[PDB]
Amino acid sequence: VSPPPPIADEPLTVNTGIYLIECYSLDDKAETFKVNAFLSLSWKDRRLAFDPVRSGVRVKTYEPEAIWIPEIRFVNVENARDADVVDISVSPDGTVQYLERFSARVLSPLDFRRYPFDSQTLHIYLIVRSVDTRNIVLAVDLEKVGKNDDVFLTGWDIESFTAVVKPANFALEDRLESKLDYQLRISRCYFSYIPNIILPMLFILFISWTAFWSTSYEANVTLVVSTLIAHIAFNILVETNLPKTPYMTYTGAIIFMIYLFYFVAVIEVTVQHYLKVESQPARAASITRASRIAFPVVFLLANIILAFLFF
Amino acid sequence: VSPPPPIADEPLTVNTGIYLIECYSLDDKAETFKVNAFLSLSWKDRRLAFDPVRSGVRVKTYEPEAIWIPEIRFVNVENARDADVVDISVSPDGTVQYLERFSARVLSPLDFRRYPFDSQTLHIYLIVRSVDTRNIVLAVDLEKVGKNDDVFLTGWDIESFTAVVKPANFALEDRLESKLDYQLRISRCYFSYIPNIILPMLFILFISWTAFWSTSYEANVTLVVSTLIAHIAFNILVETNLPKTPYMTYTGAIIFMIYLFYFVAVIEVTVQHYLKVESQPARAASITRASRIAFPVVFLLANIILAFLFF
Amino acid sequence: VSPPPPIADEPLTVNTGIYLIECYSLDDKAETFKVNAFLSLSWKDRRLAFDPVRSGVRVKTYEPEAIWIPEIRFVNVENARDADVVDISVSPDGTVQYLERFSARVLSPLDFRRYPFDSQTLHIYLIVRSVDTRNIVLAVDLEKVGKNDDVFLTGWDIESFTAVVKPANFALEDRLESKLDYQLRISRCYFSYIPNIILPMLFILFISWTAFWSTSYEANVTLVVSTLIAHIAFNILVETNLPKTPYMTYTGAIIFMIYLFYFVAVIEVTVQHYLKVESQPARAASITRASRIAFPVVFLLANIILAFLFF
Amino acid sequence: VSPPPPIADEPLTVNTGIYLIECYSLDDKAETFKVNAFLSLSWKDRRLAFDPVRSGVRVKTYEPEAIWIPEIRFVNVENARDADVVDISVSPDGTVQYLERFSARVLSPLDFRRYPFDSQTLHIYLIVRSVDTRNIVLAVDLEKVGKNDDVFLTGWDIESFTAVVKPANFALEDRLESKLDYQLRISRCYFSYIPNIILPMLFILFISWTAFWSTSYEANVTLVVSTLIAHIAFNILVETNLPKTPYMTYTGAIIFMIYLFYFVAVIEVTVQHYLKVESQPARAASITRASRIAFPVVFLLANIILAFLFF
Amino acid sequence: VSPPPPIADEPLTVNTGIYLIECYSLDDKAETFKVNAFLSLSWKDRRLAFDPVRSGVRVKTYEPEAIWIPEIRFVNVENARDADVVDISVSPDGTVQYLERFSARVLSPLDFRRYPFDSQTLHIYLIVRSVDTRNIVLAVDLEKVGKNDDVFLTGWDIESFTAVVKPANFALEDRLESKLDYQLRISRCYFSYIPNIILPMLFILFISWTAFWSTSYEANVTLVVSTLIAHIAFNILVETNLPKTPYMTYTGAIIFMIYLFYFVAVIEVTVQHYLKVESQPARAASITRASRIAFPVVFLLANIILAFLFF
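These protein sequence lines map, in sequence, to chains A, B, C, D and E.
UniProt numbering puts the first residue of the first sequence at 47, with every later residue one more than the last.
UniProt numbering puts the first residue of the second sequence at 47, with every later residue one more than the last.
UniProt numbering puts the first residue of the third sequence at 47, with every later residue one more than the last.
UniProt numbering puts the first residue of the fourth sequence at 47, with every later residue one more than the last.
UniProt numbering puts the first residue of the fifth sequence at 47, with every later residue one more than the last.
These are calculated hints, taken from the structure and not from any lab test.
Accuracy of the hints is not assured; some may be wrong.
No copy is singled out in the list; a pair is fine if it fits within one copy or between any two copies.
With a straight-line cut-off of 30 Å between C-alpha atoms, the simulated DSS-like cross-links for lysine-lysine are [to be verified]:
{"id": "1", "residue 1": "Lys75", "residue 2": "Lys106"}
{"id": "2", "residue 1": "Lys190", "residue 2": "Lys106"}
{"id": "3", "residue 1": "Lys80", "residue 2": "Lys322"}
{"id": "4", "residue 1": "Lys322", "residue 2": "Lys106"}
{"id": "5", "residue 1": "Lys80", "residue 2": "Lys225"}
{"id": "6", "residue 1": "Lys212", "residue 2": "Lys322"}
{"id": "7", "residue 1": "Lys290", "residue 2": "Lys80"}
{"id": "8", "residue 1": "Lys193", "residue 2": "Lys212"}
{"id": "9", "residue 1": "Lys322", "residue 2": "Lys193"}
{"id": "10", "residue 1": "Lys290", "residue 2": "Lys75"}
{"id": "11", "residue 1": "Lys80", "residue 2": "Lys193"}
{"id": "12", "residue 1": "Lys290", "residue 2": "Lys106"}
{"id": "13", "residue 1": "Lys193", "residue 2": "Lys225"}
{"id": "14", "residue 1": "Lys212", "residue 2": "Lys190"}
{"id": "15", "residue 1": "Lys90", "residue 2": "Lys75"}
{"id": "16", "residue 1": "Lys90", "residue 2": "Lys212"}
{"id": "17", "residue 1": "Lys106", "residue 2": "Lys80"}
{"id": "18", "residue 1": "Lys75", "residue 2": "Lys225"}
{"id": "19", "residue 1": "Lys90", "residue 2": "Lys290"}
{"id": "20", "residue 1": "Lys193", "residue 2": "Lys75"}
{"id": "21", "residue 1": "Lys190", "residue 2": "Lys225"}
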């Protein structure tokens, strides 16, 4: 079987359509997600045309081996998909209606800079490579693009599944390739963020600041250094929840500024003590009492600096 | 091979039956479980009917390629199943008795809000897609739905394996699909919660409260801050046992309220000290002595608030 | 090829035999072990009988496709085995001697209640499903059941590999199945428990008890609370060695009772201090001095309670 | 099919070309990376030559089985690649144009001595083994060597993909092999190095040095030993980011020297105390005051020693 | 195709040869290593003999399916190898020269008692099972046994790859098997052990001993108990580097004895305090001053006891 010969000089249009049955295994670290879907392809091969009256039937069904079928592939997949052909139907004019169910692991890049208020745009790129006998381009049948309502990705909200209708047609290793962009949009979700990461990290930070209602260098050193251990040990506890990136994220910045407020708290505590033992308990107490409004306010305003920086 | 032609206008009934041989690899995080089972299918194709007298035999056995067999598929599977056909038997009337042994990884959503007293309902969804020549619906042979007695899922109690007999018949990409719901019910199980998570976490919390039988700001700061480290380090130790969810669970709420009781204990300790060094040891001692009934009672009642909130 | 017709009304005996070549990958968590072995099957198909004189040969060798061979399967495997047929030999009477080398991942349940003095019984269950034309039962050729001497499972002692000769014959989805139990016994092994888990955990516990040779509430609070952190951090260190079960184990009980001895030590320390600051240093000292024989003795006797409870 | 016979005594040239479609799964620990690419091969087999006029066609397409095709293999792969032949085209002169899409896991050694300013050179080694009837050598078509612009490796910058045009021709197990070196260059990237590993580790180190503005052996011991715990716990937190190597890295040296500055700080603190309690508070204070310029300066200069050692 | 008939009653010699191309993925825990190599086999099948003059060619090449080829297998592999036949060459006399490239995961037992100065002997065991028609033995072609110079195993030194030429011929399940031992000798390598495990663990241990230049029970308790936490937290940090074995290793013994020196340090500190508060500061100071030479010397000598015990 050859590809269908062209009527004029025109290339062959294949009408694509992905319907998401399941989506699962978004690996935030590997920048992958697994998907289980229908792929529908449709084109016109007039070599397969027939008379519905003389053949007796409205629709002819073939096996994949029997007829010509285009080699459609995914670009951004790890390995080629687990495909199973569901149905091949040819109408009287020669219009082939192909359908397969596939499952593929997909590499779409992720951006965690606004964690845990980030949203993502997952791509599924479909290509077809043209042949020597005829050129092939993809098109999108927008009625055959959708998703099951049961489609769930725990800890995200699946907003929308579409495709960009204009395919990207381009030359590669001396032949025309036609690429299509199918986009799954999603938006994050971590109702427990505040009680699982933020609130206990604010509490351990506030505990360090009770050293501004105290003058014991021995109690203060225990307060500030022991709660710094408590902070690091807590960061250890929530390490699994936080994104491990080579760049700075929003939650990551909050964390960093907290390590800074531990450093500045120690400076104060050391200064307050150096002034009191250096017989200036006037200036010593003036600083420690100022820190009690200075630290919380500077914290709140810097957090507004960050918030506004990222959003 | 086409599907069997209909006698009247009726659709084709396939009689389904899943018998669980093994169940294993419930991944609480990925919301999957692996299963190894028999799938039995049964329908009537009168094109395969024969005379037992003239054929000489009572039952004819075919190969899968030889005869028409419906394309049954699972909905909520990662990849299509590892199927091995066990037996195909056709009786004189044309009744096909199909049997295969499969193993599949399955995506059923899990709800840990009532951890570790949660129960689950694992779904295995069977579909069949109807064809142009004839409509197909699934039915359930409830005598062929069951499970091996050896079937174990460590840390759960396998309660029941059934199917919802009314199939869900619906149109999808222009054809009728017939869906079936097979439900594995399970219920959790963790005797170690009481002896592995709750009791040592109550002990480390109680240790923090011995600061209400003390007036040393230096001993008290060590008591409350060191036991807060002990709490976080313990939470680290039992991190593997606890469910890593984007939502708030019951055990997770207990944990959170404990981080709050550390914060409130520090407030008290700081206030008691601020009053004693501010020459009001009457009010200082009044508070610290009140906390000794206040803290434990508030704890017990809040835990009853939580308990009743979740149950 | 059909199954061999019966001489009388008798069912077909297949003579089984597993010889373990390697065993490896015991996953204590997943309750699996991998195995690499020979499976030998032997039955009589008199349709394959021949005259050694007229055929010219002593033994005829066939290909698997050529002759009838029973569908033997494992029950408690994740996926069906990686089988490679080694030899098929038919003697003049029609006795088929089949041999294959397989490797399979196996689900046998494990019991860690007596960790690290537990022993296990790993099952490999062989089934055969009878057919419409004839009934099939398994038998054990005990000369063809054994294990290579190199067979090693690091951290255990491979005691014995046998089979229970009486097969379990039973009806399943309307046909007779014949099941066989092959048992690999194993017994645990951990000299490092004493020098890796128990001894450093007794040392950190004893360190907490030097607070009975002291009256400083500040040193005592540091001793008991700091060593409790040391205990939890050590439990973290040996978390990989200890079994993560939903039930209580023997080592797990020892651990739990140690968390209790930290709680009781804190009670004492708090009471001793409350009596001394409440001007009763007679009773204060009486208790602290009694704890010095009370604690170690109660520990030793409770450990004998536990020991005897589990053994 | 034999290899094409030589015109003269010359060997057969195959023109190679790898175009990277995706690259992913760089395992820093295992020294692997996965890749998905096109491999293009081109040679002249004049046995396949044809007359475009009499054959009627400009280009003949064959199946892999039909014609002779060289066994090209990768050297440094774990398992042989997942190859799928995309197109085989023969022009009138007998020039075969082969194209396949493969995905392979690759073992290229990595050097982390200059972490996190290291750059890498990933190799993909192509071999062909010559045969008895004729010698085979690889050549590089540099226009067919390239990479997709979407090719991403999170936390690195993909600089360049080329091949060394001079193939390495050599005798192995009595035959000529022709090897080619395809090099993917990459350079590291951890913009957050300073902000997540270095800065909080300098802060916890500086906190230890506030013991030079103090004379309390009890506060100083808490300062230096508690911040040493904070250092180790932080190193635990950033363990995932740091490379696990059997050799010394640059970041690893910084870490090591920090453990040394904790040791030397303790020596000082112990000496300062030993002199003050040994009634020499002149020399005691002289040392502690000197450490306040000595420690930071020695640190800065040693870090310049290291920096210059590695770069 | 049957095996070649014997000329006399002699058995068939197959000449083996493994050439290591790559070696990788030594899993210290699972006692496996992956390997990628050439396997060369050579034997005489006179059924394949030909006249070079009449056939026209000097050497005939066959496909694996075409001719008889022995079932050579590995003993100590997890799954049977990923084999790809590279070349089959038959000379005029019937001498088959087979070559395949395989990759296999291999189970060779490892001994870490002298970690990190241990050396290993990795086995690759080749078997052939004799058949009913003829006996088969393996031989070693020592010119076809070697390794690529690029062969690397990070953190080890690949010393040598040979085979024991005398095959082990033996009866198994009623037939002769011929076994061969191919040995890869490797030796460990960890310069970072001294700068990653031993030195910071000696520093944290030395810090505990500054309590012999001090008489404050409160500072001493903080010194010894806080550095014991620091020791456990550090052991946590280097847990990944250290071998997780059921037996006692050399590095493991060093670790254990360090936990003992923490226990003995606490005993001293408790005794020194009990004597000073029990008004015997003569004996109290005598002990503490003796410990300053006793502890370091006993440490050094015990480490020489260990060193000499293991080596």
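Do the hints match the structure? See the list:
1. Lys75 with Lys106: neither (47 Å within a copy, 46 Å between copies)
2. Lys190 with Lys106: Answer is within: at 21 Å inside a copy they meet the 30 Å cutoff, but 35 Å across does not.
3. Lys80 with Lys322: neither (63 Å within a copy, 62 Å between copies)
4. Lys322 with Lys106: neither (96 Å within a copy, 94 Å between copies)
5. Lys80 with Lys225: Intra 20 Å, inter 23 Å, cutoff 30 Å: intra and inter.
6. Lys212 with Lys322: The answer is neither: 74 Å in one copy and 76 Å across copies each exceed 30 Å.
7. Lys290 with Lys80: both (20 Å within a copy, 20 Å between copies)
8. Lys193 with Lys212: both (21 Å within a copy, 23 Å between copies)
9. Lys322 with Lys193: neither (69 Å within a copy, 67 Å between copies)
10. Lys290 with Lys75: both (7 Å within a copy, 16 Å between copies)
11. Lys80 with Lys193: Answer is both: 14 Å inside a copy and 24 Å across each meet the 30 Å cutoff.
12. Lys290 with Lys106: neither (54 Å within a copy, 52 Å between copies)
13. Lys193 with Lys225: Both ways: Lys193 and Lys225 sit 21 Å apart in one copy and 16 Å across, limit 30 Å.
14. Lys212 with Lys190: The answer is both: 16 Å in one copy and 27 Å across copies each meet 30 Å.
15. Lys90 with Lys75: Classified as neither; 43 Å inside a copy, 46 Å across copies.
16. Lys90 with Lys212: within (20 Å within a copy, 40 Å between copies)
17. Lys106 with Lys80: neither (34 Å within a copy, 38 Å between copies)
18. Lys75 with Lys225: within (27 Å within a copy, 35 Å between copies)
19. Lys90 with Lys290: Answer is neither; intra-copy 49 Å and inter-copy 51 Å both fail.
20. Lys193 with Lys75: both (25 Å within a copy, 23 Å between copies)
21. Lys190 with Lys225: both (18 Å within a copy, 20 Å between copies)
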